[PDB]
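Take a look at this single chain in structure tokens; it is the form solved without its partner chain.
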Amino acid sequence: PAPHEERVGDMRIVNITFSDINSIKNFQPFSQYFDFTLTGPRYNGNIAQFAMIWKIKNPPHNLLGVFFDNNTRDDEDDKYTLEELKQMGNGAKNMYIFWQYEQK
């Protein structure tokens, strides 16, 4: 056993896995950044309430969303894969990657 670490430069990549997306609703503060009215995992172009609106391109089936905890980045749907977004922290100290646990 050793620490797991995923990062890009100084940006920690924080993989968070939930069985149900709705549990993120109770996940402060990330509940405020998700937009649970949207279909398909989104990333945020900036810090704003419900900012995770930009469609990640070709997302893994169990990707729920990406939240960059600071700064801004280009904001376009269906352009940035998850991998590319790891390069798009743009000074975010943390890129939260929300995953859905795949059961059964």
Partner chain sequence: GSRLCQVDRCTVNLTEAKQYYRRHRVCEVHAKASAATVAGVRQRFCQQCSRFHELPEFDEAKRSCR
Given for the second form:
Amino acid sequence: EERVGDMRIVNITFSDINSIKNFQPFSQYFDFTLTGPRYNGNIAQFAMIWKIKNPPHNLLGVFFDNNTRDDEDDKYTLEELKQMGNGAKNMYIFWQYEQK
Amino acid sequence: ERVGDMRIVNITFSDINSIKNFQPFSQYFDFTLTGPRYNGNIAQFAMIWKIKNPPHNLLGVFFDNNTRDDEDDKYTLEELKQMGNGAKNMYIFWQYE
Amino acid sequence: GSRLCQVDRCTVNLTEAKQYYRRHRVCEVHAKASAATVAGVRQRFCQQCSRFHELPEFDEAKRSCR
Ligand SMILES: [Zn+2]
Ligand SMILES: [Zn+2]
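Got the form solved without its partner chain; any chance of the form solved in complex with its partner chain too?
In what comes next, the whole complex appears, and the chain from above leads the way.
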């Protein structure tokens, strides 16, 4: 939830998904044509395409900053993904703010 | 993350510019000031008082109700957490990395 | 062809696929296949490089090159 070995978990909060479009350099890893939060199996542009299973309703996406991992839709929850850095030093988790 | 009845809410942002599209926190910041500030009361642009010896990447503190001492370079983040004075939420704004 | 999966026997059109696949000229199935014939030789799509390498560039049961 904060660190898994050598991987830092970074929760970043945004007003909405459109505000991420201004966030360099990470915006180029999103696929903004897609609905529902995605994670990346590798480092390429538009690589965050894999549907996170049963996501929190305000989760916007997950970006692992290095290495590779299994790449499938509706198979891995956010908690499972925190175990799948596979060498990534940072796992960035993008959240939409909600007021309590 | 709790001091009695006060919830302490840590929010981490991409940059200070990301806060400017955040209702309701944008109007309580004073973006003409540099260095993280806290508010002594509820009013537009009330986050003006300099937090003392602020940690790296701290962007500001907003208490959502009531009043407290209002002064520069006097209250650390740690002491501010005792200074809600009835505030139901203390928002602590951070810069990532 | 320009708009198609680059696997020799594959004709899947990628103009409607996710940009990641259209960028790299590979359909979803062949991106995950253990091997496919590409440019006349056995290759596997490297997850790390987003491109095919010949099989000896991979260690055992690996989807990225060493
Ligand atoms: Zn194909
Ligand atoms: Zn490779």
